[PDB]
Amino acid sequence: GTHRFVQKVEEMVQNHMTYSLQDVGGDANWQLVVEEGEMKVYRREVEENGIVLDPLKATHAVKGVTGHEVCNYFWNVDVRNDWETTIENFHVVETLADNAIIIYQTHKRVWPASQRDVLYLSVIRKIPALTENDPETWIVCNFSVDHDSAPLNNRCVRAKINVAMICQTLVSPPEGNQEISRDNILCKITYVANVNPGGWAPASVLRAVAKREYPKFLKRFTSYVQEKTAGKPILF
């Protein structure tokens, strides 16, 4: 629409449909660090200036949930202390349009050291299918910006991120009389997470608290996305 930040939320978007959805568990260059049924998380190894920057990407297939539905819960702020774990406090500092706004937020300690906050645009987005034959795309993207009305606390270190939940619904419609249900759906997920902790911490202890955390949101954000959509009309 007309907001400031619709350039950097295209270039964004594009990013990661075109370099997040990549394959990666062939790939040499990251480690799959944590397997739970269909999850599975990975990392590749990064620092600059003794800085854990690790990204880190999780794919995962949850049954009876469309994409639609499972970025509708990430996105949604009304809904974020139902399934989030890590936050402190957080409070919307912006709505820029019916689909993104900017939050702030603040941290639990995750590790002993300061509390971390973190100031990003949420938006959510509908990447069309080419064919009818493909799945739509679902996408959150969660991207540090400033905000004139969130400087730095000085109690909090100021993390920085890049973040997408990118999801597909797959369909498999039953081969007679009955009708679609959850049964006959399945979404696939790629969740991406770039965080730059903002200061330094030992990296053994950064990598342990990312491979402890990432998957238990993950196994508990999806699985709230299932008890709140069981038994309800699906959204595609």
The other form holds:
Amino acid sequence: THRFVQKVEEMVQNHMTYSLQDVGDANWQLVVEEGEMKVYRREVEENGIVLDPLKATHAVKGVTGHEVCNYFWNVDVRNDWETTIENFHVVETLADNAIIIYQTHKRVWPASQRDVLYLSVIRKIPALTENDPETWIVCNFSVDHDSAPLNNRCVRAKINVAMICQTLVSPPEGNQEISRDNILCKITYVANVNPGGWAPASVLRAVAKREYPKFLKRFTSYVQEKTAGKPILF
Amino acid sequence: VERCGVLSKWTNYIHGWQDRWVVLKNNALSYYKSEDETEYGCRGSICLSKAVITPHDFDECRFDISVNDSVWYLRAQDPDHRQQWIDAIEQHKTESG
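Previous: the form deposited without the partner chain; requested now: the form deposited with the partner chain bound:
Every chain and every other molecule in the complex is listed next, the one we just looked at coming first.
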């Protein structure tokens, strides 16, 4: 039982309490809508700095919430769908489902290059009744670690990221076993990033309006392709 | 215009269809384990204001009730029993609106 357990419990709890809520409505601004994917954006300023909380929803046919979160968390397949990371490695293994990752992002010219140091944890939220669906969550939030101190090559960004997945199942035809034609993954994705620098907003917001849709479309499509023909992992 | 009775409800990916006690009242549907446990908290309810009631074309016993991404899957014992439930839910919804 590692030293971040209470911290992990608090982060997961906060996301499960406040991130699943459907759209502060008009406080959130829809910036991209493509099929079932909707990307919302908010422009907040607190403590002398302006930030841009990101929230997106998506419905993905033929995959379970368990499968989506597995592929989002598994560092071994990151290179197969992620396109902004330059390099990364596991700084520390805290448990079978919790690791500390250090990664550098490719420089979005002409802004300074960013690196990030975060704990990545995947956990199941058990269903309390037969009516409540099984929820899986991956939380990525920044932490400090002596092996990945601040450097003068990158700007250290602070993140609080969560992907929350729920599996909707429809009755199959007759008395048949469930197939992938009967499952739908409800994805809620939130990202609160502090860039840590002084890059102009127009560049930071245009880049976010461009990279978040591309990542969700590419990541979910990737999960669909890897699970095709495979037995369902609920 | 309220109604209650046993109906087969799709629950989760383990149990699938299970008999449950359904109650139409207060512009909503509520379901319980059985009639005996009505005075013991509802297991799930759905408001009918913006609900669509779609009968299944191939499963003549099945009718679905959806409010946005939230969906109930219900089976009566035969098409005759299904139509009575469908008509009751539409009449109750309309008289409540």
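Positions refer to the first chain, counted from 1. In this text, the rigid core denotes the largest set of C-alpha atoms whose superposition between the two forms falls within 1.5 Å.
*Asks:* Tell me, with the core superposed, which single residue in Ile51, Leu32, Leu170, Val209 has its C-alpha moved by at least 2 Å between these two forms.
*Replies:* The answer here is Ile51.
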